[PDB]
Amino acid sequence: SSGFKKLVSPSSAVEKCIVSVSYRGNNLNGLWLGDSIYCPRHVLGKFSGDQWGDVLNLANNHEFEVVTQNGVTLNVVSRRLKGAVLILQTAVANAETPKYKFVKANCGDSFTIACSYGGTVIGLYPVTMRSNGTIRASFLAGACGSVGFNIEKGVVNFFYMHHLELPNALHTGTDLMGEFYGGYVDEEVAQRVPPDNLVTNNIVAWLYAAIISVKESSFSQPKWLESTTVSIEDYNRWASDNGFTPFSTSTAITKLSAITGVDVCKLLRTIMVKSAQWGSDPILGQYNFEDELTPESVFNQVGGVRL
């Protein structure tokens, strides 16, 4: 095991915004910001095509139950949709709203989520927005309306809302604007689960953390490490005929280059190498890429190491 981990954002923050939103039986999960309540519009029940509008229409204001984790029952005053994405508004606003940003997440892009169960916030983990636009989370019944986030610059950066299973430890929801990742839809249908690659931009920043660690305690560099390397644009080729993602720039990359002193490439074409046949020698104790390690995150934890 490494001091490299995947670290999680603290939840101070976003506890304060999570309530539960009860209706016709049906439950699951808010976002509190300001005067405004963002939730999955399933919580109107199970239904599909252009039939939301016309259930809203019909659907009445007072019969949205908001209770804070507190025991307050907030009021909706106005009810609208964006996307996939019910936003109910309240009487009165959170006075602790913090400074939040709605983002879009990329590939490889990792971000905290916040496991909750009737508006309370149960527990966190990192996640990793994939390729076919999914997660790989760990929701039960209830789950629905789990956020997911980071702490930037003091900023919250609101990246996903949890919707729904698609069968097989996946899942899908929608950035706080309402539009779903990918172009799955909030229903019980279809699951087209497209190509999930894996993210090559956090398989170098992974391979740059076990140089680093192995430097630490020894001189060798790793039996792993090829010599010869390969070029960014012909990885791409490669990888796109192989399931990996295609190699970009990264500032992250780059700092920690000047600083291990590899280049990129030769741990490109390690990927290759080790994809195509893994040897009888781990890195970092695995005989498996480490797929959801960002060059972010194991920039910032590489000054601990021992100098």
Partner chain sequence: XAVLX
Contents of the next structure:
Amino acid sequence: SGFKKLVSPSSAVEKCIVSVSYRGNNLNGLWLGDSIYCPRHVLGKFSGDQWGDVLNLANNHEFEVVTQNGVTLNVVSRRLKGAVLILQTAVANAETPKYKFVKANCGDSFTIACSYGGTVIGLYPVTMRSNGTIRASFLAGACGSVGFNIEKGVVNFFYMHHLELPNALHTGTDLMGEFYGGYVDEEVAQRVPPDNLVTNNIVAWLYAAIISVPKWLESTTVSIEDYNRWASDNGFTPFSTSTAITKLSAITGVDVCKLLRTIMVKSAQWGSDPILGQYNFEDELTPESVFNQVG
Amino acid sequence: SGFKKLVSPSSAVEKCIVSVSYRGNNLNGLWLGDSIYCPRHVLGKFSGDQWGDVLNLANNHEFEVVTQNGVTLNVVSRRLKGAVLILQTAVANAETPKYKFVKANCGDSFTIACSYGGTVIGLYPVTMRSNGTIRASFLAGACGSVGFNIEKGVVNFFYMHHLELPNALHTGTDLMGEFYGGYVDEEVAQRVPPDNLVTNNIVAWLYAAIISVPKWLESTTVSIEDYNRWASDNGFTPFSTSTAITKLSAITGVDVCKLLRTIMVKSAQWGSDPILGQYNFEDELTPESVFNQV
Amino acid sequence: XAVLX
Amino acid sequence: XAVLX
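Following the display of the form deposited without the partner chain, present the structure of the form solved in complex with the partner chain.
Entire complex below, previous chain first.
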């Protein structure tokens, strides 16, 4: 009752965030088991096949990694995994939580542990955009900050922060080292595909609006096939079914096709009728999250 | 750069949340030192002076306090402070952080540790509204959930959740047991004064809109006196000076009086050009938070 | 009208 | 264009 964009608690994750230093270069790292994950650009600004050549010429002793106890960790090996640097530590994180490395799909939302100097100073939710970016809040030194969520006792790591793209847009890699949206860790002009409003989340938001109450709801329906045809030409992601949306549909008794039609109309001309106080779509509230907040 | 409504990390607070049950009623408690704080309605649905009498007839062993580790904390004393029940335990929370009980003022923003059965399941930001309520997200079992923030290594506790009012509004007490907005812990009809948009936060947001990049920025200034005179009659809190706002004004070189004019103008008619993607004022992004993200 | 959590 | 944090 009452809907909010939740953030996952941070205790378990905070115990895994450390500081990583290389020749005056400072940022954050993720310590799980005896591995420390961090952006590879902690080595400097390179491109293409230059990384690796640089990593092979580096020494393990030059990697200054401190925990939040002030404990300096000794590095015993190093490798590149995509754009992610992995430093093996002599000692293993005795407080490694049950975790999993997951790649976030467009629309997926998770918690950003905004970190500086190995310390989490705050948290906020973000949603993986259609163009492989997230609308976050990061300043110099925040690189390496992680994105995650907690589901059924397991910590899911979806993101590691790498760079800022024009117009306050941020992007990075999943914990497997692959860059979202195919961007590269280089300071150069990079085309950013158009950002599409996330239909699935908009639908979730509409059901939340309904559950909380509509005169703005459309009675006519539009088919999924057609909506997606229309969505392709109007800046929206395609609609795809989910168990959560199904549950929401069952809870309200309102056909998801009417919400889709509602999106089509409101999109062309919103009018003076607000939805949950707004005159613009909220697309960062997920079906899963709305469902969780009903019961 | 990007502007977001941040939540405080929760490591410190999580160690203090406990489960409290009495005669089948179970909710959340706050464990600091050798004290446990929780809503007095854990005793049942009473009113007026009944509370004190009910507590007098209760037994300390009837109160079941359990930590997240599964440890039961025996209660050695009990007392009421406003609408908050304080149970003393023989065992102290060895992980009590430096903290302080603070009363939130209108516009103050803090973090809610949404809790069930003594465990924090999620977090989100909220702002104390002018009418003593907060727009949160709570279900049955969330009573006792706390609101807090962390400043200079100290955990400030501002709120403890007690009830839901019509139109998805929530309210409770500060950790001193005093209800915000003057509401009471009884399931009866209660008047809720109109919610006034928070001017200082709106200003902070407009400064954020300026920094992130305007056609919507009014060119004329309106005196703080006139705006406040106007605000009192149009559902807006008064503008009040603040260091964060002065720094934002300094960063952008834009007088706050022009943002105040912008508020009056768009309050009457927004039309369009959206500000940061919307056609309504954002009211819960504080001057401090915006400045901190610059 | 009010509901106690 | 892009900037590394």
